[PDB]
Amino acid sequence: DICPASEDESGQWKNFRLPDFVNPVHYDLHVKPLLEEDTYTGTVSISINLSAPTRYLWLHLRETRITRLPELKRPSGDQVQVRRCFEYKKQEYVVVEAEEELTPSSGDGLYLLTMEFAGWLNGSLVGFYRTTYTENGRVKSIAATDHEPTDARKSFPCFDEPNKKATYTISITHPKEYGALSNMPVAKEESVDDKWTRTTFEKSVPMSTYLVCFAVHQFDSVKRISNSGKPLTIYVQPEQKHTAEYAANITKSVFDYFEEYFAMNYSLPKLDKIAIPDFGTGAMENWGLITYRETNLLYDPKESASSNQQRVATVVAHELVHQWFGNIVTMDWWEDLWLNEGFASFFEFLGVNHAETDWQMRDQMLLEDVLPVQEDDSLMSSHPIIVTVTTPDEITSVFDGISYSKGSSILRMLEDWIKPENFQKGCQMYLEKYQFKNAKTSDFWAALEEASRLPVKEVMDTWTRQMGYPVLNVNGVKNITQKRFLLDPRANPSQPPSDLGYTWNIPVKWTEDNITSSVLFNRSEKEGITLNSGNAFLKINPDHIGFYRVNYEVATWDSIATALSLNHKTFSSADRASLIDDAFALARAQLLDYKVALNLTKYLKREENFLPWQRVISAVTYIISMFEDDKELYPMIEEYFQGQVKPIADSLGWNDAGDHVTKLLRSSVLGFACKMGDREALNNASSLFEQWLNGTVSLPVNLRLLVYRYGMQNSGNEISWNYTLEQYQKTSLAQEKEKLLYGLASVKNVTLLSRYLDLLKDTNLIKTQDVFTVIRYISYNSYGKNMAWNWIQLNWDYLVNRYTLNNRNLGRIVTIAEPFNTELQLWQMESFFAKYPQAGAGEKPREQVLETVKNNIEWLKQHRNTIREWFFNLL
């Protein structure tokens, strides 16, 4: 009404990107929520540096509306007269036209634009919203913001691009029973009424809109003090207060570690963490006020698993990295998102490794990021680390494996090649140089290039400006050539067009008889290089440190299998995991005969280490899933792999004993035994489940999930299903809730799974943050595979209306179709996609899952007989 929508395209506001000549300096932001009404109002005053004559001023606004006609101030101070305001939907702008137009701000004086606005707190997990929880039987409220990447514009009108850094003075008018939090400490509190308080926070440092955060809450707190003398506090519901202890510890330890490591002071006087009871992502690095999903912050040593502990520590560490990489220095544009995400995904491991010494975190990088993303990045529908993005949907889509895991992986490779000391020094200089500003990828290379004088830009550009990665083909023992590695052998290796033509500058490392050497394999060496003793065996890519695969000659592979059977200890745990991982990915890609890959699994009865078992379980899970309905192959694959894990599963037992890594190993090894149909392992699960149903016995924390899953799967019925649902409602611990949700998804009953799916529409039962997690759990169920898939189709309009097409998790839900492997299923997918062609943030996930399912169909055609033969001849 006040700024009506107009389809007028004849202006600079038709451009997706904000103009270069309008820059903000300072935001004066005031909001007043009506919590019990799910509304808020506010006024924002923005000081503006203008660089070019313009009759229009525009900025981002979505959903929230302008209520008062905006008012502009000349740098002199005079009121600039306003003809109209209008909204431009196509590019999420509100535009105001001055009567005549005005000129640049030449000195230290600035324009001032103020606008009044009103928005909603309901039906959303982005912008500024309210959610509830129960305390001593009463329903309580908490309101908070979530902006990354393009949702600040929903909270309040702003210049909502990461490079438009400005300073912030925030105030909130809230009922007095509530506290108010933001990025900065409280400056002053003043009574509006005897019912209302105005909380004003001190001026911010220059920062991006996506980092701006405020909250209205009635939470208790757990407190700590950094070595800096600055308060680090975690806000938490009173009844959950005890579960904030571990996070508080790790925050302290990792905060102190990073500040020293980066040789730079944390820029704010305090740091707060808070878990919002319903929160749409894992966590968000809002400067000085980091928001969490409860599962990533709140941990109970008496009820939570080692897996949970590691998750909490890692996400906390992750969020802390951002206070330097992301917050102090921010990428200039979303195309360089990896400068934020990859860095956090890398340093999170260094942080947690400092806090928790015997966790082998450095090695766990292979399991968490390196090897999983080498799967992702072997698809044609991957994308380069530096990604062209032209819509909000495209922007949000790139918060993915490539930005996080491949980002992390190529930094891991870079560090090892360039040496840790120089990497560390180079990071510091980057952080010194671009503090409170924005950087491009080019800026980071130059920084490390100053610290090494090694050709960082020349080498790292090849890993950064094109998708994919190479396989090193071994001829002789030491001639290597490079070739792009693609899972689909039919795919055109030169597509999509790359200036670098899918060749890489590969820092190559290798071990000759316990001694290590290093060579940069140059792109221009078209016919390959030769590795510089009289050797009978060369170990290329130790600890899988380089982001590539090594395809040895078949004879070498055959010798490796034999060396593993004789004494697997000859190789390090990481090397074993890497060799197994490569071999199975190579077999999957039709670059190595499956018999050769499977031969590597023969030694496993003697395998006792975490890393190899994890990557074995990963490779087997795929193969088993492809033969799930094959009555001929399946029992043979089951029988064999059951036999291979049995010794280690039996040896570790059904009890929480040993160090961190052992406990993680026990979980995944017993899980695999159960998955492979080991009667005794299933009987342990059912026995413990039967005991848990008796209401007293608290299950061993690292066995719980397995007991809920396989217990429900093997002996669950309506009685125990209803009981489990009650327990899920009754527990305050989100980490327990989540396990119980997986339990509920495991019942072998169509009626009960149908009841479960219906609960997804009930916001009193399933939180908005948890809906996709549940759909995915149900999709893993032998009945639920098609149930979840059918349900998201039938309810697609409902989901789109609830979440919007800009929602990343909604875009991704189609990946529940990954196990599909028939022409019929592929046709179903294509038919559904054709019916709802507006994919939004699901555009890439759709491309990826289609490629996967097409690969699956081909894989079955190519390998069924070979794999059948290997198993038949063995058993």
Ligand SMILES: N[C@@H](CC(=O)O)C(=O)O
The other form holds:
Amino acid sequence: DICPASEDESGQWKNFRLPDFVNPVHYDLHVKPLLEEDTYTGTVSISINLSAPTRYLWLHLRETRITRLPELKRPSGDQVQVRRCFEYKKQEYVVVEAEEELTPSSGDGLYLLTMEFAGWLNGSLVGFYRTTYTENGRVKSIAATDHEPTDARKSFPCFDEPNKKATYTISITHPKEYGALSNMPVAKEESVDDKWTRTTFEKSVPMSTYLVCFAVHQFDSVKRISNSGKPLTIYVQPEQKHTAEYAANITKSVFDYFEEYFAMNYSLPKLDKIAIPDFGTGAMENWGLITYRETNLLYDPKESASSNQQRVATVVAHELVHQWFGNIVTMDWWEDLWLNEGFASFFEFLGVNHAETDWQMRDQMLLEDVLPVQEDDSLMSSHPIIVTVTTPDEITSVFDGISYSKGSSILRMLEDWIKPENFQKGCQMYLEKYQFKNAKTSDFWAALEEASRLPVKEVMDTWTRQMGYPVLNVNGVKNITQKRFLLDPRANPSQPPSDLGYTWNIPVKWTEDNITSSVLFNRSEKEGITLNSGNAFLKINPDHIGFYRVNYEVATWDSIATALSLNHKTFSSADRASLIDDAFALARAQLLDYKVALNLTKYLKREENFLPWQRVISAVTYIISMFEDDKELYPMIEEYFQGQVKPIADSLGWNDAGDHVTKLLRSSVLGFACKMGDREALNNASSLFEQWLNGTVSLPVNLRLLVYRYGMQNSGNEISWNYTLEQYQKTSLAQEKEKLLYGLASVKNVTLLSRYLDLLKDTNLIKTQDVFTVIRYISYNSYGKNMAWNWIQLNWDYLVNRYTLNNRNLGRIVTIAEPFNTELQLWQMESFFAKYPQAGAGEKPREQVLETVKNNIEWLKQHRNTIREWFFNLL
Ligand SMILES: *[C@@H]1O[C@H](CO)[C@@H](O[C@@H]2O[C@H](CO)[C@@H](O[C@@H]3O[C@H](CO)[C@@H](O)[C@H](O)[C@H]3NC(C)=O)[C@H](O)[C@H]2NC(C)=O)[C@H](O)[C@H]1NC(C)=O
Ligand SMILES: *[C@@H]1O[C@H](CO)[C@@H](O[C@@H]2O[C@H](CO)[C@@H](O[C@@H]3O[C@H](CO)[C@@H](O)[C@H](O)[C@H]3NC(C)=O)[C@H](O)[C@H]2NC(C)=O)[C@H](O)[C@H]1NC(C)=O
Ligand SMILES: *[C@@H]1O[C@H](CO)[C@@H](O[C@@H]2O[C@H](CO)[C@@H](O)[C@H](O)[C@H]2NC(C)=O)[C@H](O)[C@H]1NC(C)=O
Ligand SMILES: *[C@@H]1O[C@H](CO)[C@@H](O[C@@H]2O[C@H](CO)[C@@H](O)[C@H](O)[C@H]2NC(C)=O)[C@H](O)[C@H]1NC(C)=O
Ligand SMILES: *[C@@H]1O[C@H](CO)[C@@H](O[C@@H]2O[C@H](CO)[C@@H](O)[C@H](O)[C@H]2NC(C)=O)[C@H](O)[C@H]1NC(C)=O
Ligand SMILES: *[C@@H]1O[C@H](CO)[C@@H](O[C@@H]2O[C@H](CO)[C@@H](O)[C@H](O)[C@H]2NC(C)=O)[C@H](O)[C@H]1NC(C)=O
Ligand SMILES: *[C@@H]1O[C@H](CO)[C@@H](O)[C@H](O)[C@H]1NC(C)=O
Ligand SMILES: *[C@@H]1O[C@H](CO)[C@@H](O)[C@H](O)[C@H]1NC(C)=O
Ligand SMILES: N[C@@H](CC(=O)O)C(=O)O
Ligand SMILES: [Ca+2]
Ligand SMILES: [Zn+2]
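Could you give the coordinates for the form solved in complex with the ligand, as opposed to the form solved without the ligand above?
Below, the chain from earlier opens the complete complex, with every other chain and molecule after it.
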């Protein structure tokens, strides 16, 4: 109404990107929430460095409206006359037009633009919003922001681009019962009424809009002091105060470690962490005020699993890395997002490894990031690490496996190639150089090239400017050639077009005889290279350190199987996992006969290590799901793999004994036993479940999930379903809540699963943050695979309206269709996608799940008989 929408394209505001010549220096931001009303108002003053003649000034704004006609100042101080304001929806701009036009800011003086705005706190988990929780029977409120990537513009009008760094002084007018937090410490608190307080924070260092954060809360706090002498506090509900302790410990330890590792001081005087009762992502690295989902921050040693403990530790560490990589140095544009996320996903393992020494964290990188993303990046519908993005939906989409996991994986290879010491120093120099500014990928290579003198740009560009990765083909034990690895054998290996033509500069490592050698495999060695006393066995890619797969000659693979059966310890735990992972991926890709891959599983009755079991289970889970409906194959696969885990499942038992990694092993090994239908394992689950239903017995923390799942699956009924639902409401610990939701999703009852799906529309029962988690759990249920799939179709309009097409999690929900493997199911998917063709942030996931389902159909056609023969002949 005041700044009406206009379809006027005839200006520079038609461009997706902000202009080069308008730059913010300082933001004066004031917001006043009306918490009980779900509204807020605010005014913002922005100091602007103008570089070119313009009759129009524009910046980002979404949903939140301008309420007063904005006022502009010249660097001299004079009021500039304003003809009109208008909104341009297509690119999310509010544009104001001066009568006349004005000239560049020449000296130390700047233009000043102030605008008045009003927005909503309800119906959303982005921008500035309010949510509730219960304390001593009273409903309490908390308000916070969440901006990454393009949501700062919902909170307040701003230049919402990562490279438009400005300095911030924030103030909030709030009721006095509430405290206020932001990026910086409190500077002054002044009484407005005897009811309202105005909290003003001290000036920030230069930072990006997406990092700007404020909150209004009535939380308690657990406190720690760094070696720097700076306060590190975690804000937490009084009820949950005891569960903030562990996160407090890790923050201390990892904060102290990183400041020392990066040779650079944390740029702010304090650091705060807070978990919002309803929060849309895992966690957010808002400088000095890191926000969390409760499951990623709050941990109870008496109730939470080792899995949960590691998750809290890892996310906290991840969030800390960002204080350096992301906050101090930011990417210039979202195309270089991996400079934030890859680095965070890499250093997270070093952080936690320092804090928890016997967790074998560096090895766990293989399970968490490397091997899972080698599945992703073997699809045609992957994308290069450096990604072209032209809409907010494309921007948000690239917060994915590639940015995080592949980013992490190629740094891991890079570090090993370049040696840790030099990698460390190179990172420090980069951090020194671009501090409080923005960097491109090219800048990071040059920094490490200064630190090692190795050809970093030349080599790392191949891993970064094209999607995918190579398989090394072994000829004659010693000759290797490279070829792009694709899961679909029919796919065109040259597509989509790449300047580098899908050949890589591969840093290659191998183990001769406990002795390690290194070679860079050059791109232009078109006919391959030869690996430098006379040998009978070459172990290529030790600990799967390089982002590629190795395909040995079939005779070699045969010998590996035999060697595993004789003495499996001949290979390290990591090497076993890697060989198993490669073989099964190769078999999946029709590059190795399945009988050869399956032969590697024969030794398993003697396997006792975490890493090989995890990758075995990953590979079997896929094969088993492809044959779910096959009454001939399934029992045979079940019978075999049941026999292979039985010894380790029996050996570890149903009890929380041993170190961290052992406890993780027990979880997944007992789970697989249950999955494979081991009567004794299932009876343990039922027995414990029955006891838990008696309402006193606290289950062993690392067995709970399994007990809820397989207990409910095997002996669940309405009475125990209702009980479980009550328990979920009653527990304060989010980590327990999440397990109970999985339990509820496990019942073998269409009526009860139907009730559960209906609860998704009930915001008093299922939090907005948990809807997609629940749908995904239900999709795992043998009945619910189809129910969840059908429910998202029937309720698509509802979900879009509730979340918007810009919601990443909504975009991704179609991946519940991944297990599909028939032409009928593919037709359903295509029909539904054609009916709702506006995919938003779901565009990539749609492409990916379609490719996956097409692959599944082909896979069945190619491999059913082969796999059938192997099992039939064996049993
Ligand atoms: C939870 O799972 C446990 C397995 O991990 C079950 O314990 C097993 O019960 C079996 C039957 O009671 C035993 O089988 C016997 O095994 C011995 C070999 O040591 C054989 O001689 C026998 O053929 C066989 N049956 C006999 C002699 O009647 C297992 O030995 C036993 N223990 C282990 C460690 O595997 C639990 O019963 C199960 N708990 C619940 C509540 O179901
Ligand atoms: C690598 O995988 C190979 C291919 O499956 C294995 O070789 C197969 O072993 C089976 C014995 O376990 C044989 O299958 C069947 O054996 C029964 C005996 O009970 C006979 O009746 C069947 O006739 C026979 N099947 C067929 C089709 O003849 C196979 O003889 C054999 N397959 C081949 C092609 O030789 C290897 O053992 C395995 N290598 C390892 C573990 O190192
Ligand atoms: C938050 O609540 C407000 C007010 O209830 C919502 O705006 C209303 O939307 C309904 C239904 O579309 C209309 O009938 C009302 O006239 C609107 N009220 C006002 C004051 O404009 C708003 O949609 C909610 N915000 C979000 C983001 O969902
Ligand atoms: C956080 O750190 C403290 C100290 O570093 C951990 O140690 C506890 O306190 C005493 C003495 O400090 C130790 O002897 C005990 O082993 C610890 N527990 C108890 C109950 O006293 C503490 O465990 C850490 N908090 C966690 C992991 O949540
Ligand atoms: C799934 O759960 C429903 C709900 O408990 C079961 O239906 C109940 O059946 C009993 C008798 O067996 C009746 O007394 C209840 O009134 C029924 N409830 C409802 C809502 O109809 C149903 O039997 C279960 N189905 C399976 C296959 O186990
Ligand atoms: C289990 O929980 C449900 C939900 O609270 C119970 O209540 C019935 O639920 C149906 C819908 O599923 C409603 O239409 C009925 O009005 C509810 N009946 C009431 C409130 O009395 C259900 O009765 C519970 N069953 C058991 C065995 O505890
Ligand atoms: C950096 O940290 C050191 C050691 O903790 C401290 O003494 C110093 O004040 C800091 N220097 C700067 C420039 O921030
Ligand atoms: C491997 O490559 C080298 C040099 O190109 C050649 O001498 C040798 O014959 C090749 N083949 C095998 C099986 O070693
Ligand atoms: N940066 C966030 C993602 C987001 O909030 O969009 C995370 O890593 O959890
Ligand atoms: Ca966000
Ligand atoms: Zn991150």
